[PDB]
Amino acid sequence: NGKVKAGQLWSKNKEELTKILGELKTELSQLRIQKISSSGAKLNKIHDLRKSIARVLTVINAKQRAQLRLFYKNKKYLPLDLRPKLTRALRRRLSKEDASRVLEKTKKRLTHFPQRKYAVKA
Amino acid sequence: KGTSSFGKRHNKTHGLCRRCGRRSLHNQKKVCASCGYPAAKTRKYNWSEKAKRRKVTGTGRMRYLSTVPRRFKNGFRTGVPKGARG
Amino acid sequence: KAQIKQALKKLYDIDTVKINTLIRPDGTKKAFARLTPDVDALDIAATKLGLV
Amino acid sequence: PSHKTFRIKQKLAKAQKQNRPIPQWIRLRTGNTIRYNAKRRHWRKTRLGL
RNA sequence: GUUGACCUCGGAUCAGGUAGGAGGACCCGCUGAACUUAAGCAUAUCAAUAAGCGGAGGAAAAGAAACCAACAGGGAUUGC
RNA sequence: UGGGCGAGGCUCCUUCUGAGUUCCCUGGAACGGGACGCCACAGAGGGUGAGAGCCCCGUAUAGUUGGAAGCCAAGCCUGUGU
RNA sequence: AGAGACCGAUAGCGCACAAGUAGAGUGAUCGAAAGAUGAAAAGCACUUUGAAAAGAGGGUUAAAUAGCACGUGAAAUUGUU
RNA sequence: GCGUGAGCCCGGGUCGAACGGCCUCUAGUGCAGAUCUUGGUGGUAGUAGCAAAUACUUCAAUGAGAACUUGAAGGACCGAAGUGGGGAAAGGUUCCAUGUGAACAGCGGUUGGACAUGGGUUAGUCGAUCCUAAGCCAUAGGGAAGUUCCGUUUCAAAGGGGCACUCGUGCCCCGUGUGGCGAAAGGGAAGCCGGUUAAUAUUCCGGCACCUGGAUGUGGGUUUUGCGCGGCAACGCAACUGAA
RNA sequence: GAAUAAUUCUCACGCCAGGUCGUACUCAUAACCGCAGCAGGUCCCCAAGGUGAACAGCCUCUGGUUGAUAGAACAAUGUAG
RNA sequence: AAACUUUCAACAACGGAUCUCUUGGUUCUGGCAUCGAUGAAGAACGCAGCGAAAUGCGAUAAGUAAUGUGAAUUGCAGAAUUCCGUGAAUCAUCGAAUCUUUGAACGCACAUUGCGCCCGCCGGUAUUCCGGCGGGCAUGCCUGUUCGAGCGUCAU
Ligand SMILES: [Zn+2]
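Protein sequence lines, in the order shown, are assigned to chains A, B, C and D.
In terms of this note's numbering, the first sequence opens at residue 1 and continues consecutively.
In terms of this note's numbering, the second sequence opens at residue 1 and continues consecutively.
In terms of this note's numbering, the third sequence opens at residue 1 and continues consecutively.
In terms of this note's numbering, the fourth sequence opens at residue 1 and continues consecutively.
Hints in this document: simulated from the structure, not taken from any laboratory.
Don't take each hint at face value.
Computed beta-carbon distance windows for the label pairs [unchecked claim]:
id, chain 1, residue 1, chain 2, residue 2, range
1, C, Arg34, A, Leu21, 26 to 36 Å
2, C, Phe32, D, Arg40, 45 to 55 Å
3, A, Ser29, B, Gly7, 54 to 64 Å
4, D, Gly49, A, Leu70, 51 to 61 Å
5, C, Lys1, A, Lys76, 44 to 54 Å
6, D, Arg40, C, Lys29, 24 to 34 Å
7, C, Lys29, D, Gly49, 20 to 30 Å
Built from N, CA and C at the ideal position, the CB exists for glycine as well.
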């Protein structure tokens, strides 16, 4: 046959994506039965079919992740894999609001005597 | 001693180790003579500089640490570029 | 052996009486499957694309 | 011996697998310098470490 | 007697968290030699060094005087 | 002694850039020798069948096409004493 | 990332090459040798002797005094004249 | 050809891409020796030598080529504490078939445990898996600056059994004790005969059997004296309630 | 826990199931260790006939080999008898 | 007189010096600060139309998605695309995924592909037995919740 183009795979639902995967896995095994003691243009079909299964598998996984992320919006606790992964050291630094707090007596001085803008003439 | 006594050698002091793959696991002692298994630390000493370089970082696959420099250059961003399809 | 018997029934709808397995020197597993007496195996080999 | 373990059984398969000569069409590539397999092991010459 | 508190000490696959390992050129500590020199050698020297052990960062450490001075007095720390 | 706007400038990536294959001799092949020209804020370097500024990639100068996120800031608009 | 009054394959790092590889040791550990055909494979069709390896003609090339034991090919040692 | 000398210059042959004179600067700057370092090559030399384990011979076939390939017929040795038939440790494809130039088999080679291409190892019953021995290591605790040393029932609040609920989540008993690893020769539930393949079988095929675990029905037995009869006895039989 | 059936009968017959890994070949004057196709070293089972006190020595049957570089001559000196 | 030994030249041998080359070393100067229980460094086994090694990747396995460029790859074969748009490549960039067995390594162990427990679904007459699939069960410490022990102790 031919490739399964990724262009039209995006405008599908989950069920028909799972259906197409059914035949795709089928004849790959069936065609492997008779590949022995023969070799021709059919050898291009195994490399054709193997990659075709890969494309649809990624699409199904990607579609599930996007919809799952919508569910956990506006939630305090969300699963580990959906949390951002930056670095072990970067996940334990103080937040911006915590590191910017100041004491009440320090703010009083900074309000009335800040750094001024000045110039001195020759 | 000599050839006559060399024929009596059909036993094994050491076997394969689960952490370093070398045949340096004492059967009776149950400790590896190269990587220090089952201790948490890995054996390493400063009186031999050649031994340290034989198992230093960067002599293997580096499955995860090899892609970090590229990620830092872009500032550890997430998302997709503007109007990508998907 | 339990998984092998299940796979054949779901994929080639053939029933077996017993399965014997061994591991070849190269590192692959080879399994012998014996079919029930009423079913014929010679024709199943032909009709299931097995080279005959 | 006849009594073996799966770890030793697995290890002997790979050692035998990577013991056959190079395919013929390798030496016909452009800019090739490989002449022969330099890691040939024979059971009467070299003793592999289990 | 019943019942309700306080203090101390425990159980749980209770809810949420955190430490180990790698690297160790540079940096903060502990521990600690002998070869060698003295034309011998024991105090001394090599040396408050090599090896061994613990703990961090892109720098670390130090730091706003229980200081230096004896002057007509200087004024946190680090480096040349 | 609060708040809000804010030109303009600076960092990063990406589009584009001058001039001989003229004539003769040796040679398997001119990138060699001789004659005649051109460019140059560009005669650093490399390739092309032998030493190439003008065959090709690049090199010098300020501009130019498009895009993302942070800074700085000329100068303006409004409350007010428990 | 940019450079040098640095080395030019017994030099320069142990490694200019499938080098911490092949190999040795029960083990801790020890650890080499090895770059260059031609601008382009155009890597010798066909005939003939031979059981075969190969030889003699004949071909490609500017050159086979460049034939995958291949640029230049010194000395020790050897053959013929 | 020049110079006392270290050295310089030219003629002829081979080869194929860079190189000199003159004044200053700079250094990893000049080899016969060090039982010097690495690589290469001679005389000795076609020499020493290839002599333990009793021993070979005739015809035919294959082939370019046969003392050490194959068949037949003679002659010999090992002589059941074997040069026979099978195993543990160790080796790791050495097993079987077809083909073959060089190299190896200290002579040869058509042959090979060598080279090239393919194939081959089936288990409820044979082993591992289970239990402990000498011994090793966690837990409670105490030392040590520390890597870690001791400790194995010890100055410890240390466990496991049953039932019913629509539903897990509710009840009720006992309590001196409470870990793991460690044997292919120790302890241990169960398979025998015949045939079969170029190469495996107590496994494959045919026949005839056994053990454990889990569910359930018929036959027979017992009971209205509710849980069997006989023999003086040693005891017998197809069964014949039994928790802590 | 029964008098009209019930049965916790270790009796006979009948129904279902039994996972995982090893299994080729040598075990030695050529397949393991001694730098090697080395007169060395390396744990067990089975055990025929005659002579004879006998697993002593000598000959034979089943089974297994005929494999250790060869041809010609017979001085000295040697090793063994 | 030959043979033999020695010296020189010509050509032919053995061996790899000399001359020329270099996608490699060495030293100095300049810029930056980024591993890991959200499973690191290291180890094992696998994947190609024809592969042993190196390089790359993990049963989605000599790669997949997305963006850019704009016609290849090449030892052989085969097709693929052909720029209408539905897009070659061991291309460049990289913001979404997969990621076997191990390793600080974490149910108990390991010289064994060994032996267990809890919860859910699907089969065999099955809450208890057998099989398949998915999710769990290490230690020290902090905050909070909950259930408890003791004439340590307060009031009826
Ligand atoms: Zn180890």
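Hints and how they fare:
1. About 33 Å separates the C-beta atoms of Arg34 (chain C) and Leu21 (chain A), a value consistent with the hinted range of 26 to 36 Å.
2. Between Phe32 (chain C) and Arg40 (chain D) the beta carbons are some 36 Å apart, a value that contradicts the proposed interval 45 to 55 Å.
3. Between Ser29 (chain A) and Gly7 (chain B), the C-beta spacing of about 56 Å keeps the proposed range 54 to 64 Å intact.
4. Range check, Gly49 (chain D) to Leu70 (chain A): about 56 Å between beta-carbon atoms, so the 51 to 61 Å window is met.
5. The hinted window of 44 to 54 Å between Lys1 (chain C) and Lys76 (chain A) holds, with their beta carbons roughly 49 Å apart.
6. Judged by the Cβ atoms, the range 24 to 34 Å given for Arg40 (chain D) and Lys29 (chain C) holds: they are separated by roughly 29 Å.
7. One distance hint, 20 to 30 Å for the beta-carbon pair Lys29 (chain C) and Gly49 (chain D), holds here, with the actual separation near 27 Å.
The earlier numbered hint that this structure contradicts is number 2, and it is the only one.
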